[PDB]
Amino acid sequence: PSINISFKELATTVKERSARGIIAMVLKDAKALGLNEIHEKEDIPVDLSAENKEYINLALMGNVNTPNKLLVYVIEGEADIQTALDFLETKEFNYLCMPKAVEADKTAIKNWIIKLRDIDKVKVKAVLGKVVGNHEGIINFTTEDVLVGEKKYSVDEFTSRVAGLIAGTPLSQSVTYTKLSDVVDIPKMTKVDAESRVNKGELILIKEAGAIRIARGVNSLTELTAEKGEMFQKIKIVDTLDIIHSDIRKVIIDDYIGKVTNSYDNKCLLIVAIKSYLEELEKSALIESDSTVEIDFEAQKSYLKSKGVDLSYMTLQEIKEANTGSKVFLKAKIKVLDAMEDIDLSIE
Amino acid sequence: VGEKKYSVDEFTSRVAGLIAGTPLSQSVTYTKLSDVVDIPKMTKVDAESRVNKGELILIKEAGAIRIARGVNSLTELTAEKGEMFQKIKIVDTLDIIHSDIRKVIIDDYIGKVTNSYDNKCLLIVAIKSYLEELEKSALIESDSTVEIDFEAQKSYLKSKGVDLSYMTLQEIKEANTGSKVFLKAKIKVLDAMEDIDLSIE
Amino acid sequence: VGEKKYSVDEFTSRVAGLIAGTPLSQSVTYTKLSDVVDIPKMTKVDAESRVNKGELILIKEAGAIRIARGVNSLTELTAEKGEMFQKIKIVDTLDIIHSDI
Amino acid sequence: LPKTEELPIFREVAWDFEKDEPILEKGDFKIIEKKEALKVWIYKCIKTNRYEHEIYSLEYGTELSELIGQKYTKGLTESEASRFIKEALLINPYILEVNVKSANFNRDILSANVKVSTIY
Amino acid sequence: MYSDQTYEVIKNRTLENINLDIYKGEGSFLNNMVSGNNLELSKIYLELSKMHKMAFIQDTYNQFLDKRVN
Amino acid sequence: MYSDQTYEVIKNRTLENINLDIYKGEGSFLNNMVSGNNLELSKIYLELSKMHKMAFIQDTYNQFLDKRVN
Amino acid sequence: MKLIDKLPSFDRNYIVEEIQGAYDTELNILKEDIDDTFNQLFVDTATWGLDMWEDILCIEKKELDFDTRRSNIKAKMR
Numbered sequence: 006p007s008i009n010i011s012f013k014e015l016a017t018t019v020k021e022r023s024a025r026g027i028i029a030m031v032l033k034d035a036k037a038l039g040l041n042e043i044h045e046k047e048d049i050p051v052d053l054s055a056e057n058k059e060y061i062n063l064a065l066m067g068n069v070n071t072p073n074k075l076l077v078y079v080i081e082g083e084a085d086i087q088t089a090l091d092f093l094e095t096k097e098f099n100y101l102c103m104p105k106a107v108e109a110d111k112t113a114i115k116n117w118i119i120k121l122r123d124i125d126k127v128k129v130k131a132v133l134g135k136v137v138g139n140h141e142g143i144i145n146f147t148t149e150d151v152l153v154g155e156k157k158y159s160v161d162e163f164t165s166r167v168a169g170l171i172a173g174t175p176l177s178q179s180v181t182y183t184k185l186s187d188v189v190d191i192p193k194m195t196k197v198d199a200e201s202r203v204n205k206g207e208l209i210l211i212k213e214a215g216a217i218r219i220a221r222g223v224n225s226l227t228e229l230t231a232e233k234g235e236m237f238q239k240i241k242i243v244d245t246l247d248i249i250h251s252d253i254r255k256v257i258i259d260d261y262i263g264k265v266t267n268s269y270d271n272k273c274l275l276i277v278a279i280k281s282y283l284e285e286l287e288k289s290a291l292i293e294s295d296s297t298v299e300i301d302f303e304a305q306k307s308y309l310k311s312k313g314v315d316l317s318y319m320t321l322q323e324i325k326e327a328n329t330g331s332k333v334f335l336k337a338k339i340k341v342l343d344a345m346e347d348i349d350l351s352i353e
Numbered sequence: 153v154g155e156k157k158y159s160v161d162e163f164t165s166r167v168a169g170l171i172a173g174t175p176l177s178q179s180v181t182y183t184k185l186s187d188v189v190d191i192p193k194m195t196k197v198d199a200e201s202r203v204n205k206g207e208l209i210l211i212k213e214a215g216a217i218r219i220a221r222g223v224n225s226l227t228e229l230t231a232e233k234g235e236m237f238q239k240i241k242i243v244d245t246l247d248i249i250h251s252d253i254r255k256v257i258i259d260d261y262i263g264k265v266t267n268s269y270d271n272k273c274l275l276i277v278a279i280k281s282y283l284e285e286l287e288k289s290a291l292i293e294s295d296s297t298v299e300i301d302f303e304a305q306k307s308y309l310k311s312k313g314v315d316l317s318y319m320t321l322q323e324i325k326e327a328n329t330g331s332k333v334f335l336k337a338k339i340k341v342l343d344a345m346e347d348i349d350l351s352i353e
Numbered sequence: 153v154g155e156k157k158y159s160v161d162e163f164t165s166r167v168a169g170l171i172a173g174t175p176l177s178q179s180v181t182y183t184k185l186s187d188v189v190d191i192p193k194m195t196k197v198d199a200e201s202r203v204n205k206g207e208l209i210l211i212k213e214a215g216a217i218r219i220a221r222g223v224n225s226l227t228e229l230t231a232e233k234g235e236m237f238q239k240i241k242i243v244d245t246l247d248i249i250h251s252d253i
Numbered sequence: 016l017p018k019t020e021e022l023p024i025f026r027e028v029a030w031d032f033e034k035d036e037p038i039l040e041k042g043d044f045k046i047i048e049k050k051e052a053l054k055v056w057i058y059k060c061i062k063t064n065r066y067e068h069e070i071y072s073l074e075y076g077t078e079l080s081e082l083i084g085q086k087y088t089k090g091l092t093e094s095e096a097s098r099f100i101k102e103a104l105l106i107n108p109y110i111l112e113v114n115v116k117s118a119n120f121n122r123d124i125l126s127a128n129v130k131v132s133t134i135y
Numbered sequence: 001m002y003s004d005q006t007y008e009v010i011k012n013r014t015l016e017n018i019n020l021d022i023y024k025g026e027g028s029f030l031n032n033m034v035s036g037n038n039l040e041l042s043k044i045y046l047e048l049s050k051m052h053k054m055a056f057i058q059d060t061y062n063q064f065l066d067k068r069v070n
Numbered sequence: 001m002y003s004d005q006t007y008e009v010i011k012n013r014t015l016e017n018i019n020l021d022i023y024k025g026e027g028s029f030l031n032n033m034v035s036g037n038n039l040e041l042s043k044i045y046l047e048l049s050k051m052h053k054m055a056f057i058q059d060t061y062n063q064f065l066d067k068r069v070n
Numbered sequence: 001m002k003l004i005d006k007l008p009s010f011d012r013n014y015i016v017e018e019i020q021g022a023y024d025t026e027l028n029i030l031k032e033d034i035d036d037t038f039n040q041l042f043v044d045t046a047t048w049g050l051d052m053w054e055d056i057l058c059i060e061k062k063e064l065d066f067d068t069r070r071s072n073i074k075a076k077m078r
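Residue numbers (the deposited numbering), protein chains in the order written: chain C, 6 to 353; chain a, 153 to 353; chain P, 153 to 253; chain d, 16 to 135; chain e, 1 to 70; chain Z, 1 to 70; chain Y, 1 to 78.
Everything labelled a hint here was simulated from the structure, so no lab data went into it.
C-beta atoms are modelled at their ideal positions from N, C-alpha and C, and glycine is treated no differently.
Keep in mind that the hints are not guaranteed to be accurate.
[Unchecked claim] Here are some chain d residues pointing at chain e (derived, C-beta under 8 Å):
#: 1; residue: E27
#: 2; residue: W56
#: 3; residue: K59
#: 4; residue: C60
#: 5; residue: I70
#: 6; residue: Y71
#: 7; residue: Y75
#: 8; residue: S117
[Said to hold, decoys possible] Per the computed footprint, the stretches of chain d lying under chain a, defined by three or more beta-carbons under 8 Å from a beta-carbon of chain a, are:
#: 9; region: 82-90
#: 10; region: 126-135
With the rest of the complex left out, here is chain C:
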C-alpha cells in the first residue's frame, strides 16, 4: 500500500578515545553518600560540605582548558578505601585524588594502582600528597604550607588542584613552569633546596619569572631502572604511553577478539590498522613520525618449538604463513618525542 520515507543523518566519528580527561575524587561525608558525575560546571549537590565544595572548585579550572570530566563519589570515612577501590575498578579513571588520604590509605592506593598497571594492565595515574613510593604511576607533590589566594590550603587540597590543572593540560603543551595566578603567597624557600627537592623526585612550587610556578614535570618515581630511564622520569611520556596502550587494547577488544578469524590476511589487515593508528599518533607531535610494525618472528619460532615442528627445510616466510593456533605475535617500533624545558646554546 503506502510505503514511507525515513532518513536519519550520520557523521563519522573521529579519534574515539577512552579514559581521557577523567578526574576521580572520593570524599568522606555523612550527608551525600553516593557518586556524582560532574559534567556541567558549577554542579554542586547541596549535600556536599563547604570544604568539599572548595575541592570541587579547585578541580573546576585548569591551566589551559577545563578538565574533560570530573567524577565525585561520597561515602562515610569508614571503609572508604575499599569502596573507592571497588568504584574505580567499576568505572575507568584517568586521575585520582583523596581529600583526606592518610599514609596507610595512600599506601593502599599506590599498591592498588601498581597492581592494576602490572597485572590488569589498567594504566592509571594517582596523585598523592607525601608518598616516596617506587612507582611512576603515583604523583608526589611535597610542598607544605601552601597558601592560594591568601587562604590556607592543606597538601591534599593543592594536590587535587594540581591534578585538575594536569587534566586540563594539552599533551603537546607542558606541565613544567606553569605559573599559578591564584597562588599569591608562598613561604620563602631557597633555589638550592629547590634543585635538591627536584632531584629527589618531588614536585614543588617556586617563585620564578615574576610568578609562582613548578620547577619540573618528572614522575614521583625516584628510582628509574635502566629500562625506564630519563624518558620514563617524565609523566608527560608515561601519559602518552598509557594512552596508546589503552587505545590499542580498546580497539583490539572491539574488533578482533573472537569476531575476527585467525589468518595470514587477517593478520596483515590488523597490521595495516595498527599502522594507521600509529600514523594518527604521528600526526600529533607526541611521538616521532618514524615507526615500524612487524610480526614477532621469534615468537613464531617459539610457538613452533612448543608445537615441535622443525624449523629446517622451509622458507622463513612459511613460518609467517604457518598457522598460529588462534594466537597473534607482533612487533612494533615507537619513539615518543622528548623535548627541553630550558636551553643552553653556543655563540661565536
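With chain C's structure known, arrange chains a, P, d, e, Z and Y on it following the hints.
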C-alpha cells in the same frame, strides 16, 4: 462519486476505463479522482491490510481520493510469479509483447517462410529489432539477448535418434529442425517505485 | 539477567540461541552480555581453572559481563585430539562439512 | 556593513522520527537543542506537502509527491527530485547546503543518499 | 479595521504575545494551533464586517427588509 | 454575552479544558501561548462589545447614529 | 474537528488532538456568542437589549416580558 450512489460494478467499469486510458510509462497507483467527492471513512491500518490482501481500494490522500496500490487481484503469487508478477503494470506489457510476437509470427512465418538456417537468422534479427523497439520505450530494460534453443535442438536430435557425438555443436544449429523452430530470449521489464525511502547525513 | 534471578538452564537456552545466532565467522569468546546485570564474584584464577576443565562461564571483562571461552564440554582430550577439537567453533564447521558431504 | 547575528538555538518537542508521536518527559515537553530541532524541521517539511494544506505558507513544503507512484523514468526523476529536495530544504536559514549522491532503483523501492551541512 | 486584521497579521501578533524559549518556526505544532486559531478568527472578523452592513437600514435582503418594515 | 466572558476566566477555562498528564505549570510556553490566544480572545470579545455599543449608540457618536435618526 | 483536518499527517495523534479539540470547543462557544449578539442586533430577536432600546426611545419603566417591550417600541415610533 459526484454525490451519487454507485454500485461496485459501476465503479469497477469506471476504473477499467481509467486503466485503458493510462499510458504504460505512467502509473496506476495513487491516481486521484476529482469526480469522487464523498467516500466512507476507512482507517489507514485497514487500508494497509486490504492492500496486503491483494485487493484494490480507494483512500483519501494528498488532499484527494486515490487508490493505494496497483497490484494484481492474484493473492497468491508463486515462486516463478513473485513480486514483479504481483503488479498489473508488468503483466500488461508481458501480454502486449506476447500478442505482438504471436501476431507478427502468424503474419510472416507460418507456412509462408521456408525453414532454413538463414531464415532462422533473419527471424532472430526481426525479433531483436522488435525487442529494440520495446527497449526504446521505458517499459523494459535496454539489455536483452535472443538465442536459438540449443537444448531443444538436442532434444529433437534424441527424438530423431541422431547421435550428438562426432560433430561440432554448430552443426547442431545448422542441422535441419523438421519444420520446427527452437529459440531462447532474455527480457527484463522495468520495475520501479511508488514511494521512496532514502538516507541523509 | 535484567535484574532477575535465572535458572542455569534458562541461561543455557539463552546462550544456545545466541550461538545459533552466531555466524561461523565470529567466535563466542569475549562476547558481551548487555541483558545480564550481575554475576557472583569469583576469582580469575578459578575462571582459568574452569576454562581448563572446559566448563563455560561468564566473566566481568572491560566493565561488562562476557563469555570466558567457547571451549567444549569435552573435559578429557587424547594426545591426538588436539587443541582445535576443544573449540566448539572449530568442530562446528567440521560437523557442517560432514553433514553436507 | 552590519555583521549578521547568530541564529539562537531552536527548541521544540521531541519524538522518535519513526514513532512520529511527541515523546513527553515527566509531564514536560522535551528540550531539543543544537543539532536536534533542525532534523525535526526537515522531517516536518518533507513528510507533508504544503499545497495539500491551506494553513501553511506557500514557500513551505515539498513537491516530491508528484513523482510518487512511478509516474516517469527513474533516471530522470532522480535528477529532478534532487532539485526538488534542494528547493524544499534550502528555505530554512539554518540549513547551509544540500548534497545528493545517488539513487537505488530496485523493484518498487527507491533508496537515495543526501547530505546536509549546518551551522552548529 | 477588520480588513486590516488578517490571518498573517494576527498570527504575528499572537506569536509576539507569547514569550517562549521555542523559536518561532514554520510548521511548528504550537505554530499550528496558533495559525488555525488565527484563520478562524480572521473568518470571524469577516463575519463581523458583514454584520456591519446587514444591521443597516439600507442594503438589506428580503427578510431583513421585511423585518425592518414590520 | 460579550461582557460575561473576561480574559482570566476564559483563560482558566481553556487551561481546565486541557486534559493531559502534563502538569499545567505557570510561566510555561504552553501557558504563554494560552495567554496570547486569550489576549486575542479578549480583543475580539471587547470588539464585539464595542459593536453592540455602536449598534445602540448610547455614546460615541457614529454613522449609525445618523442613519438611525434618518 | 476542522483544525485536525487542516493538521498534517504526522500530527494525527491524541497529544496533538487535545489542544485542537479544546480550542475548537472554545471557538464553538465564540460562534454561538456571535449568533446571540446578532440576535441582539435586531430589536425583535433582542430580548435583554429592549431596555436600552427603550433608553434610545428615552422612555424608562420596569417591564415584565419582551413581547410587551417590542409592542411598546412599535407604539412609541410613528
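Structure-based check of all given hints:
Interface restraint check: d/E27 against chain e, minimum CB-CB distance 6 Å, threshold 8 Å, status holds. For the restraint placing d/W56 at the interface with chain e, the shortest Cβ-Cβ distance is roughly 6 Å, inside the 8 Å limit, so the hint holds. Hint status for d/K59 relative to chain e: holds, with the closest Cβ pair at about 5 Å, below 8 Å. Nearest Cβ of chain e to the Cβ of d/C60: about 7 Å, under the 8 Å cut. The hint holds.
Restraint check, d/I70 versus chain e: the minimum CB separation of about 5 Å is within 8 Å; hint holds. For d/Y71, the suggested interface contact is upheld, since its CB lies about 6 Å from the closest CB of chain e, less than 8 Å. Annotation: interface hint on d/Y75 holds; nearest CB of chain e at approximately 5 Å, less than 8 Å. For the restraint placing d/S117 at the interface with chain e, the shortest Cβ-Cβ distance is roughly 29 Å, beyond the 8 Å limit, so the hint is violated.
Restraint check on the region 82-90 of chain d versus chain a: 7 residues with Cβ-Cβ distances below 8 Å, three needed, restraint holds. Under a criterion of three residues with beta carbons nearer than 8 Å to beta carbons of chain a, the stated coverage of the region 126-135 of chain d is upheld, 6 such residues being counted.
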